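One chain comes next, on its own, written as structure tokens: the form deposited without ligand ES4.
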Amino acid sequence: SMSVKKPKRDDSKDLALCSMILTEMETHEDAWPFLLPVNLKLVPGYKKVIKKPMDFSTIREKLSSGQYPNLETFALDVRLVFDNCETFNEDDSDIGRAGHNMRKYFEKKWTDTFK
């Protein structure tokens, strides 16, 4: 509350550490469905159904231009990529399986880097 703060967690390395995580997501072999925005002219249904499209390249631009106020807003966008994927893709598809794999990979890196 006012003049009453928990001890200051060091957040000065977060920007760099989120960048490294993102690099590792970008270079994973199952990243291909997620590297670029879904083409809304060429994929019927996507525009109407997925209210908030997100992809790695868009997260990378937001990161690089100070549009994440803190590390939680960064994790929310990464998770949004996989939640979108689950909304549009059958579990038993290459893309559906890619999303489950990438989400797992991300969540471990997140816990190991920050928890």
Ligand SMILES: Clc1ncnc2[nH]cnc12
Second form
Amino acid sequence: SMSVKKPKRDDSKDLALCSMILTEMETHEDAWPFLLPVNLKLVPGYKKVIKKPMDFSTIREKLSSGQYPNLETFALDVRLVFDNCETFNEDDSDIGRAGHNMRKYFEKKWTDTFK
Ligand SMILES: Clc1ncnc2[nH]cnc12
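Previous: the form deposited without ligand ES4; requested now: the form deposited with ligand ES4 bound:
Then the entire complex follows, led off by the chain already shown.
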């Protein structure tokens, strides 16, 4: 509360670390469904069903231009990529399995890096 400060977690390396995690996700072989925004004009249903589209290139642009206030907002966009993937694809499709694999990959990097 006012004039009563909790001890400050060091956040100075957060930007660099999130960038490294994103690089590792960008270069994963199962990243291909997520590298670019879904083509809303070539994919039936996507625009109406998925209210907040997200993809790795959009996360990268946001990270490079100061649009994440903190590391949790970055993690929210990453998870949104995989949540959107689950909403729209069957678990036993290639894209569906790719999403599950990438989420697992991310969350371990997240835990190892920050937790
Ligand atoms: Cl690139 C692409 N095409 C169709 N559905 C998708 N879900 C996630 N990425 C997708």
